[PDB]
Amino acid sequence: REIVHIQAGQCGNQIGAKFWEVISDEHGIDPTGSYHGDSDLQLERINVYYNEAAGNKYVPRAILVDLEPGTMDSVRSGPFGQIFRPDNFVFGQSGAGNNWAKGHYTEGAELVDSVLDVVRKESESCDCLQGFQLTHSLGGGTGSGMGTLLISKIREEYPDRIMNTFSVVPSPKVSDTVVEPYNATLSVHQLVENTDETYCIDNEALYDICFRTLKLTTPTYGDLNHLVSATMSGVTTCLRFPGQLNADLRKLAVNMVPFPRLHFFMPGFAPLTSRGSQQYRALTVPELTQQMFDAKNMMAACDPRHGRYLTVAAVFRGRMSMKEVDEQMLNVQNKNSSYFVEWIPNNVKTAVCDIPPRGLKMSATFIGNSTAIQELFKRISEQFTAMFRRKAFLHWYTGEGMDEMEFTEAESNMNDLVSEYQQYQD
Amino acid sequence: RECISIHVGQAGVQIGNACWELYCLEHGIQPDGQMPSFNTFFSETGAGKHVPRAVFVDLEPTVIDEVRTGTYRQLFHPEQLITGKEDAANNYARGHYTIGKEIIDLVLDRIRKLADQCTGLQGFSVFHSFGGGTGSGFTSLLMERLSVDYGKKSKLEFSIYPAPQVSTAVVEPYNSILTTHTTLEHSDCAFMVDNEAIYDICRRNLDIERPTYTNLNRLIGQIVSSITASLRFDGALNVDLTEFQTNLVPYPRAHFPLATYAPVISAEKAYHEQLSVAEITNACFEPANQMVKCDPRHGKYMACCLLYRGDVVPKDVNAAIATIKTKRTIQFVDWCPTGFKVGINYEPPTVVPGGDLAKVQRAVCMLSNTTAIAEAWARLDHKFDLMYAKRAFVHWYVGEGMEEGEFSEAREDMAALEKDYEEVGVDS
Amino acid sequence: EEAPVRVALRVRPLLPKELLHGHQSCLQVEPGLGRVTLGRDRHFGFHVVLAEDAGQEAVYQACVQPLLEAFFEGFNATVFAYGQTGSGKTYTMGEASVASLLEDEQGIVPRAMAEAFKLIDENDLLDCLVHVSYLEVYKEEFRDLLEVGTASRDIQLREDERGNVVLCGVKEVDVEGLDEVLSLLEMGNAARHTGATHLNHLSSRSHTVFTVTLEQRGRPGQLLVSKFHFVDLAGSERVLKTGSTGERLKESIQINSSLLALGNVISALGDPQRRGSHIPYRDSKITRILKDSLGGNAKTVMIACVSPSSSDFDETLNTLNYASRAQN
Ligand SMILES: Nc1nc2c(ncn2[C@@H]2O[C@H](COP(=O)(O)CP(=O)(O)OP(=O)(O)O)[C@@H](O)[C@H]2O)c(=O)[nH]1
Ligand SMILES: Nc1nc2c(ncn2[C@@H]2O[C@H](COP(=O)(O)OP(=O)(O)OP(=O)(O)O)[C@@H](O)[C@H]2O)c(=O)[nH]1
Ligand SMILES: Nc1ncnc2c1ncn2[C@@H]1O[C@H](COP(=O)(O)OP(=O)(O)NP(=O)(O)O)[C@@H](O)[C@H]1O
Ligand SMILES: [Mg+2]
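Protein chains in written order, with the entry's author numbering: chain B, 2 to 44, 47 to 360, 369 to 437; chain A, 2 to 38, 49 to 439; chain C, 12 to 230, 240 to 348.
Some hints could be false.
As the list claims (entries may be wrong) - Keeping only pairs whose Cα atoms sit at most 27 Å apart, straight-line, the calculated DSS-like set for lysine-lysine is:
| no. | chain 1 | residue 1 | chain 2 | residue 2 |
| --- | --- | --- | --- | --- |
| 1 | B | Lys389 | C | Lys150 |
| 2 | C | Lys129 | B | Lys124 |
| 3 | B | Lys156 | C | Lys270 |
| 4 | B | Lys338 | A | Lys304 |
| 5 | C | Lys261 | A | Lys96 |
| 6 | A | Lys401 | A | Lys166 |
| 7 | B | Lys124 | A | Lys96 |
| 8 | A | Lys401 | B | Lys338 |
| 9 | C | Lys305 | B | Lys156 |
| 10 | C | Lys150 | A | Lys112 |
| 11 | C | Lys261 | A | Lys112 |
It is worth saying that the hints were derived from the structure and are not from the lab.
Generate coordinates for the entire structure from the input sequences, incorporating the hints supplied.
Structure follows, in C-alpha cells:
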C-alpha cells in the first residue's frame, strides 16, 4: 500500500518537487511536517506516499539522485524541501555530460550502489510495496543512463512489482544538444524491456498547451511541470481516496495492455482554461469529454487522428453519476468509430474517485495507447540513422567502452516496435 | 429457519449496504445496532442488540473500511468484515486462484460458524459481478467450496451482468465466461441484472436525469426484500425457496430466471393515477420494465412467478392472471400447461428515507424463466470471439496460471448451455 | 528455397507405476504410414514418426543424419526438444546420462559430437574450426553452464546490422577432442542440473541451450556459415495447476508463460489468412534465439514426446496441434 518515488536528472527532479508540493497541498500538509486539514480522508491513506515520524510529522517516501550538487541544493532551498529528509539526497560531484555511456555504464555504478541500498531500506520500512514511479529525461545523460540502470536493478530485485515511469521525449523543434537521439535510443531500448509501462511527454506539446489554451505568453518550466504533476496526481487520486471503481494501478495495467510489448501511453488532463474564459464555461461530463478527446489536449506530440486508438482509460474526480459519464463515453465511441480498433469492443474504461481537486468542482485525466505514437519514434530513428551513418561524434561513447553492437541492437528493437504498432494498427 | 448473506466484489458490497439499510428500516433497528421493539436475518444478544447474519469480503480494503467508518459500523461484528491487501485487478486467475486462496479460509470459517449459530439453515444469497476481478473468480472458488461442504442447502446468487454498451473492463467477456462455467456447475437459481435496463427504467418511470449507483442499488435491495422477507415475514400464501427450486427449474440446467419489479413511480407520478392490481400486473411484462437488455416478446416463456406485497385479494389476482393468459403473445412452451405461481404477503413495501420511490400500497415482483435470455449470451461470445481471435490480454492470465484450453472448453460449455436453451425452447 | 521444417514424433514407453494404475496407450502409432491416431479417430500426419523403443542411434540415423549432412550447407540447422516434464526429452536428445554402458543411455549430443569429429578425422583441408556454447535460462534470466556465474545484464543477445543473433558475455570453449566434449558437458550439467535450482525430483525444470559453431565460409571472404543448436525447453505442466502449488507454482508459472509465448509465435506461420503481417519474435529470449532457426534459408527439424495414458490426453492434443501447423 506504499509507493516509492524516484527522481533523476534536473528535469525530473524539479518535476517531482512540484509533484510532491501538489500532493502535500492535497493532503493538507504544511511545509514543516505538521498536518493541517479538514477531513480525515486526507489522513486515511497517507501511507501510500508517506511514512510517519514522531511529533505528528510525515516523511515523503522520496529518493533524490543526480550527478551535480547544486540542483539538489536548489530543490532543498525551495518550499517543502525540509519535508525531505537529507538521508535521501544522494548525488555525486561530476556531471555525466549528457553521455548515456558515461551515466549508465561507467560512472553511474558508484551512486547506483548507495541508492539501491536506500531503496531496499525504505521499501522494507514499509509494509506492502505497490510499485515505483520515475521521472527523468531520455535525451540527457543522468536521468537516462542512471535511470535505466537503477530500474533494471530494482526489477531484478522485485520481479513482480509494478514498474511505471514518466519520461520526457525529445522533439525536433526543441532539441538542445546533438547527443539527443543516441540517449533517446538507448533509454528506449532499456525501458521497453525493464518496465511494465511508460508515459511519454514532450516540451513541445506542453508549450503548445500553455501558450494557446492557457493564453500564456511567458511559459516557464513551472507551469509545464505543474501540468505534468497534475497528471501524475490524477493517475492515483483514485487510490488515495474512496471512490466507485478502479482505484488501483495494476487494474489500469491489465486494462491498458492489449499485448505485453505495447505499453506506451499519452496522458491528458482537463479542464485546462485560461482564467479569462473561466467565467463562461459550464463544467459537465460532455465538456470534459470534448476537452479530453481533442488532439489539441494531448501531452504527446502526436495527432491521434492519424492512427487509431487501442485502449483508453479515463479517471474522473468529483461528485458525478455513472449514467452521464458512461453514455458520454458511448457517444464518443460512436461518433469517432474510425479512430478505434474493432479488436476490442468498448475500447474505453473508466474510473471514478469521489474527491475533487482543490479549486475545481470536478476534473478528468485520460491515458491512451494508440499506434499513432509510433511516428514519434521515427523522429528518433531517422535522426539516429542521420548521425549513426556518419558515426558522428560516436567517439565520445566509444571511449566509455560501449560497442556499435549495442546501438545496432537498440535500433533493431525500435524497428520491431514500430513494425508491431503498424501490425496491430490494421 | 435462517438465511446467510454474502457480499463479494465492490458491486456486491454496495448491494449489501443497500439491502441492510432497507432491512433495518423495515424493522426499526436503529443504525447503532439497537432495535427498540423477525429474527431470521439477525441473531440477537442478551443486551438487546442484534447482528446481521452477513459477511463482507473483498481483496481491496478501501470499500470495506469505508463501511467500517460509515454510519452502520456498530451494526456489524469485526469478525465479519474480512479483507485482503491486494485486489484481483480484473483477472479471474488472481481472484479465483492466485490470491483469493489466501483469504478463502477465514471467510469459510466464518460461514461455518454462522451456520452453527443458525438452527435451521434454509439457504443463502450471493451478490457479485461478472466483470470485476474480485467479484468474479473468488466467488467461483467460494461457491465451489460451499458446494463441497454443504450441498443441499439453497444457493441463491445475484450477478451484476456487464452491459453490452456500458462497460468498465476490457476483460469483461473473459471474467463473465469463466464465471459462467462455475455458476452452471454449482449455483441453483441465477438472477442476472443489467445496469442499462435499470437506467432506462429510472430515467423514464422514476424520473431521474442523473442516476447514481445508490438508486440502482436501492432498487435491487427492494427486489431481494420482496423476494425473501415476503416469506420470512408472515403473509397469505407463503411460497418457499424450495418451491422456487421446484417451480422455476423445468430442468437441472434451465435455472436462469429474470427478475422484474413494479411499480417504479415518482412522488408526483404517484398521484394522477389510482393503482389497481390489474394495471401493475399488466405492466410487469413490458420490456421497458424488464431488468435485462433483452426482449421477452421475441422469446418464449417457460415459467412465471409473481409475489405481491400490500393489500391483495386473490380473486383479482385470478382475474389479472386470466387477462395475461388470454391477451399477450406470450408463447408458453407446450412443455408447460400452466406455469404460474402466485404468492401474497401482508407486509406493505417500505420506502427508504431520502429514496427515489414513492410509497405504494401494493407491489409485485415477477420472476420468469424464458428462452429469450439466450440472446445475451451470443453477444458476449461474439465479443469474446474477437478477443480470442487475437489472444489479446491472454498473457495476463497464463501469466497468472490459466490455460487457453480453459478458454476453449468454457466457450464450448456456454455454447452447450445456450444451445440447450434453444432445444428446450423447441416445441414438440 | 526453404524446405519446410521437417517434424518428428516419438512416444515414451511407460513404467509399471502407470501400467498397473489404469494408464494405457489410448493413442495409435503407425510408423510405416507415418501417422498417429488418438482415441479412435484422431489420425494426424507427420512425415516422420518414431516407435516407443527406437534406439538413440536409430532415431539418429532417422533424423539427425540429414542434419549432420547439411551441417556444411553454409546455413544454420536447429532442433528443439518440446513437451511436458518427465517426457523423456533429456533422454530424447540423450544427454546428462553419463555411464557409457550401451550408448543408448546417452543419445543425440554425444553421438552427433562423435560423428562430427569422425567427419573431421577424414577431411582437414580448408580453414574451419568449431567451438561450442552451453547455457541455461530460468526465471526469464540467463545463467551460463560453461560459466559458473555472471550477472544477467552482462550476458546478452546482440543483433548486427546484418540481422543475425550474437551472444555476448558467455564463456566460450572451442572443441578439439571428444574427451573434452564429454567432460565439459558433464561439468555443465553438474553446474546447472535439471534446472538452475536442480529440481524437486530430477526432471526438466529450466530451459537448456547449446550451440555448435563451425564456419565454412562461402568460397578469406564471403562468410556463408552453418551452425547448429541443441535446445531443450522445460516441461509444460498444464493440467498440474492442481499439482505444483505455492512457491513451486510460481517457479513453474514463468516457464509456462514462456512456452505459451513460443506457441503464440509459431502459430502465426501457417495462419496469414487475416492480415498476415510480420512475426512477433522479440517478445522473449527463447523466441529471439530461435528466430533465426525459422524461415529464409536456415534448416531445422523438431522432436516431441508424449505419454501413452489419457491423463494428459488434452496435452497430447495441444502438442499435436502445435506440431501440425509446423509447416515452414
Ligand atoms: N517540461 C520541462 N522540461 C525540462 C525542464 N527542465 C529541463 N527540461 C528538459 O530536460 C532536458 C534537461 O534535463 P536533464 O538536465 O535532467 C538531462 P540529464 O540530467 O540526464 O543530463 P546531465 O545533467 O548532463 O546528466 C532538457 O533538454 C529540457 O528539454 C522543465 O522544467 N520542464
Ligand atoms: N449495480 C451496481 N453495479 C456497480 C456499482 N459499482 C460498480 N458496478 C459494476 O461493477 C463493475 C466495476 O466493478 P467494481 O465493483 O466497481 O470494482 P470491483 O471489481 O468490485 O473491485 P476493483 O476491481 O478492485 O475496483 C462495473 O462494470 C459496474 O457495472 C454499483 O454501485 N452498483
Ligand atoms: N524414451 C525413454 N527412454 C528411456 N527412459 C525414459 C524414456 N522416457 C522416460 N524415461 C525415464 O523416465 C524419466 C523421466 O524422463 P527425464 O529423463 O526426466 O526427461 P524429462 O522428464 O523431460 N526431464 P529433463 O529431460 O531432465 O528436463 C527418466 O529418468 C527416464 O529414465
Ligand atoms: Mg541534466
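Evaluation of the provided hints:
no., hint, verdict
1, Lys389(B) <-> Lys150(C), "violated, 33 Å"
2, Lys129(C) <-> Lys124(B), "violated, 59 Å"
3, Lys156(B) <-> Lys270(C), "holds, 21 Å"
4, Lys338(B) <-> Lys304(A), "holds, 23 Å"
5, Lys261(C) <-> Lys96(A), "holds, 24 Å"
6, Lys401(A) <-> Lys166(A), "violated, 37 Å"
7, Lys124(B) <-> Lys96(A), "holds, 22 Å"
8, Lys401(A) <-> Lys338(B), "holds, 26 Å"
9, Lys305(C) <-> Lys156(B), "holds, 19 Å"
10, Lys150(C) <-> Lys112(A), "holds, 24 Å"
11, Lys261(C) <-> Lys112(A), "holds, 13 Å"
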